[PDB]
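Missing here: one protein chain of the complex. Every other protein chain is in place.
Chain nomenclature is as follows: A and B, assigned in order of appearance, with residue numbering initiated at 1 for each chain independently.
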Amino acid sequence: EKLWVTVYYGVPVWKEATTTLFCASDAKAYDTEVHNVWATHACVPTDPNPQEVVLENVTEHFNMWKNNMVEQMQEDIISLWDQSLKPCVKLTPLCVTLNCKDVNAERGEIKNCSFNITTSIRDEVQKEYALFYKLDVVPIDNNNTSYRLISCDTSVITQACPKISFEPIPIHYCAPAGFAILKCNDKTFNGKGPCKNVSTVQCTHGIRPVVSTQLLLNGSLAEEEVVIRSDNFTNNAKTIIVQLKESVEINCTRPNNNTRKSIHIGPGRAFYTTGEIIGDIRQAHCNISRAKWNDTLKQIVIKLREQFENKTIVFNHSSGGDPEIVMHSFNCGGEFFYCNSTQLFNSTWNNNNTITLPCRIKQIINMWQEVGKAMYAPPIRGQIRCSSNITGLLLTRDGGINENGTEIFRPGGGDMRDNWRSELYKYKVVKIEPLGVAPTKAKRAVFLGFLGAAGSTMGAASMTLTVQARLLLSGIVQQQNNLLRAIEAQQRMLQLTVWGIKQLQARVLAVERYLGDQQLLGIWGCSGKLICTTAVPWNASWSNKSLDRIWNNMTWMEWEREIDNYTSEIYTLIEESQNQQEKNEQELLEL
Amino acid sequence: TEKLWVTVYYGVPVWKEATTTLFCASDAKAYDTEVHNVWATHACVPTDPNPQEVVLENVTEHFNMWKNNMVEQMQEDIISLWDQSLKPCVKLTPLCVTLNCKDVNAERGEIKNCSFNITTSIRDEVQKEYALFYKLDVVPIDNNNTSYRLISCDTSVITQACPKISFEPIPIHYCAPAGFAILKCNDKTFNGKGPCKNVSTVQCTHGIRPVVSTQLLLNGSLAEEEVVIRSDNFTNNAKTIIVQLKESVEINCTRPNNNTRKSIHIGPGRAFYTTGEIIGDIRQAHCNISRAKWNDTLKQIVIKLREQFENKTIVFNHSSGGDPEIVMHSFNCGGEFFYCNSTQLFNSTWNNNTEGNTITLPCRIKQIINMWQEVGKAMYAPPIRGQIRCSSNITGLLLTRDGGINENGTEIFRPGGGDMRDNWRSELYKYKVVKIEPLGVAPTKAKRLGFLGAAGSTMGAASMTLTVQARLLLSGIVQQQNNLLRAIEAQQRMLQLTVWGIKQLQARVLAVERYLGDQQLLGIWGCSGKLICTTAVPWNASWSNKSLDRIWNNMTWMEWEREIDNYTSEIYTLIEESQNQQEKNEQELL
Partner (left out) sequence: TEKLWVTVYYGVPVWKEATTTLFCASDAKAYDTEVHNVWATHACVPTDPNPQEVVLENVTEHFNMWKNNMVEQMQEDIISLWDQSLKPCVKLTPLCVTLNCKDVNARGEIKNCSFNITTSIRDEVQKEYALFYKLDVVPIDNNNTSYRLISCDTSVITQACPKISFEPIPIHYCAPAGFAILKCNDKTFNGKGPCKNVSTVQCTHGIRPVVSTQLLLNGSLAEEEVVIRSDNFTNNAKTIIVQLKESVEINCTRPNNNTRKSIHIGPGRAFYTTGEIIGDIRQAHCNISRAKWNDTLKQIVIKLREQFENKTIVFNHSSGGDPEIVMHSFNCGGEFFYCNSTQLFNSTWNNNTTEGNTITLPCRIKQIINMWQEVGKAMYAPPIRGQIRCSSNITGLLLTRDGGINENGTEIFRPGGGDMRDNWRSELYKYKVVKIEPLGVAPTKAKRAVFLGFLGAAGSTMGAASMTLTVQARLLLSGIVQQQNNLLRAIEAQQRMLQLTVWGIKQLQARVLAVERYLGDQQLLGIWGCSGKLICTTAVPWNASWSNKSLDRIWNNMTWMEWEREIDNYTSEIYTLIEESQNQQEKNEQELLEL
């Protein structure tokens, strides 16, 4: 009596579950045949216009220190770095200990090395030219006698092939199908709480995979009041991600003209060393307009003193250790950079223009968690400049307690992983099922978004939304990205690239759960009607979920998304009752 | 009308041989966070919940099961899965090095040092090492030139084994992609090819424990209540017959000495592991076995020898020389290989009238193996610190009939060695892959309980039971199929390994196209469920002319397509055109 069971195929309630993302690009504005080691010649053309609807009443917590998109792309970029390294040739025989003298200049930085090597198998020997500097050469047995690479005693070094470019491209991570992506718009979300002003979106936004440490550049601005985030403070063994509103923009350059000379080793082997030099050489200085840097720190200390009992807070430079960890390591214009940040944190303040960062460049790049493999870049000819907006910092607080009640800050840096978190804090993946379970007691203006929040009604419009979200679940051209008819004719690409793993992965996923819904409904009730009541039977013998309809007319689908996790037996027993009700009727017309 | 009103039928135990590829199935019992230190398996990534299967006991039927398709798939899979491990593993780059080998205190021919005089790959320095070595690993000249070198150097390259990985088996379960079935013969008293009397079916296999075994069958499965040997060609002396055992035979083996481990640096990412040093006692590894049980057991087996095949005399000569592997008994346990001179087992001779202490065997260890069908593949193992004690159940013996003259001695059964192919044949001896076409056609005379159910009777309603079979296919949540809940999540992050999931996605993508491939005919015929889909076609008796009785109760439906469903294919087209010329007349004229 009263049936108490309906599937309600039109219900927008989610499951907090990871999946595999879907990759995308926007190379339709560029189409450069140089392949841009991230972009790898144009993933898929982006959408012309994405859509969002604010979902005002949902207030879900998002621990951004538990987001799987952090770790999932963490393997992806390394693998993208791993793949595009692989075909290009490696410096295996070039590991010989070498003599090396400095250049005529400063302070004896640049060093011209000479060395024997049997490059070819044609038995070659010659004192070959090689130009370096003191950041890649370790000395052996004395400061002045012997010289060798700081790596290749242990690691593996490889010359990346010069054709591809180190220019980060604004991409879109995007979800394949069915399951979607959430967005936190209200400000001051420190990363451990709930958030408000929440909308959803299919592809994220223009994400830029930048890699430099000790600062954050070309990231977002969040043009409001300043906010700073960290997983923890009292656990002082954590780190602080700083975010900044005011777009500080810093220009940097290489102060000299350079050429490209190659060492022709053997088959397919043309080692590109530092060719030559014309002019004088500087330390590639960076000027900041310090009055902004004098300014914006005073913004920070106000929004930090409050979090630690209006108490003394100061800045000290970081300690010793590793060049990737304490030095401002930097990459723009393709070529890498190190910069001494001591002129920025010599600043201890407690409440009442031009600059020179003597910078360095770095060629061979080790891993960040291993000792195994190391990547090498060729020198780029001529001069180069780079100017970019800088937004947000990376800071830690030292754990030792002093006898003043003050806090020493030393700048964080040394991880790939949390660098991407700053672009991901607004976002959360969620898994979508249109499935539902809700008893019926009743008779037996457009929202594009995937939520309507008024779960007190099933039926005023809460049925009508996923009707429109079913229109997502089938799409060909410009609705669904993958089933776009033009690119499928275009895509005769091999799958051995990380693309062809990730590309069809989404497509085989998209089809199967589309059929997975389709089978599981079709054996149990066809979707010709959205509400499945052929007097499908009542459940109050073991459901017993004590409620009446008018309090279901004032509720959310909150308990409704946690009835049949305790009682999924109810879901299964309607299947056999579907099986039991059909096994008597059809064979009755048979015999 | 008694005119043949054709009608489709969805749900019928239609069989055919097929050659498909399968998924794995196991438990998180011995998981312990090793899908990488385990073996090739990756701990068998998907999950077997529960062997909820139902067998069938209706009919006897010919199957000739010794000619199957699982066996050669397993030959490709495991060797590939062996390749999967060693591909990130390093390569021994100095191979045919000088190796000044000697050892102090002359048991002789024991473990020796060999003193590398090598150059590293990075620098240009020449250095000296110590390295412990068995006798079975080197090849000298003249016994005093110290010309010992690694045996498989001139064959091919030799790798190390990425020493963090173990070597135990795990009982796995081959599960077919659904829409299929797996058949098995368990009516007792049965051997090899020919018919059986049991139509018992399963969805997944039992716990195959795939150890690559030598001469004896090692903790696989025991036989039935009676010792039986499987059916082969008893002529031709080249079928290498194998007999199972009713009882189990138990043997434990152990190296008495304990050993340490060193690490020798070679080059970039090349720290090579060898035996460090030995503590005190240097006794050889032996293997003891109660001969009184062994004296008993062979008495049983020669009874089944003479009576089933030539009852006169039998001489167990040992196998003669040749292969270093086929002669001795190369046992694996503890993640460790060792060979065994089993000559102290077959010095027996048997007759009928004149018939009716725990022997120990000296075994010995080799550090190098080789591919058996190929010269191109060779492997190491890391020396395991300390001591290893592990036992084993013996489950069967591999036999070879020889001889050209017999009046002196009628039977020469030398202990047969393996091919590596037959070890699966020892365990896949009763299985067969069967595709199902659930659709089928037969006349109607009206126009317009287990997993297979009755292979003999009529279908009152048992087709409907075949539908829940046919629609579990991509449930996604329902736990019998593969449950697709942890089964999705275990692979969706790590499909990038591409050794086992490439089966699984191909298992996926085959399952869906057999779904739609069965749907497309249903979609075109407009049946779309309803399980019977009556039409109105008067069909000629050009094919079958029998009365309404015997077509309908006296005969079955597996035989039905064999007996007169012949050069048809056009019967499909006849019901195809009928519906279109119906609906066009129904819609744009009526």
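A few remarks follow.
What we mean here is this: contacts are C-beta pairs under 8 Å (C-beta built on N, C-alpha and C of every residue); 3 or more make two chains touch, one makes a residue touch a chain.
For the chain missing from the display, the contacting residue among B:161, B:510, B:555 or B:571 is B:510, taking the whole complex into account. Only one of B:288, B:406 or B:528 touches the chain withheld from this view, namely B:528. Touch with the chain that is not drawn comes from one residue among B:47, B:69, B:297 or B:343, which is B:69. On the side of subunit A, touch with the chain left out of the figure occurs at residues 120-123, 267-268, 459, 463-464, 467, 471, 474-476, 482-483, 488-490, 492, 494-496, 504, 507-508, 511, 514, 529-531. Interface residues of subunit B facing the missing partner chain: 18-21, 69, 72-73, 76, 80, 94-98, 153-158, 376, 498, 502, 506, 509-510, 512-514, 516-517, 520-521, 523-524, 526, 528, 572-573, 576-577, 579-581, 583-584, 587-590.
The definition used in the following text is that only the chains that are shown with their structure count from here on.
Averaged C-alpha coordinates put the centre of subunit A at 43 Å from the centre of subunit B.
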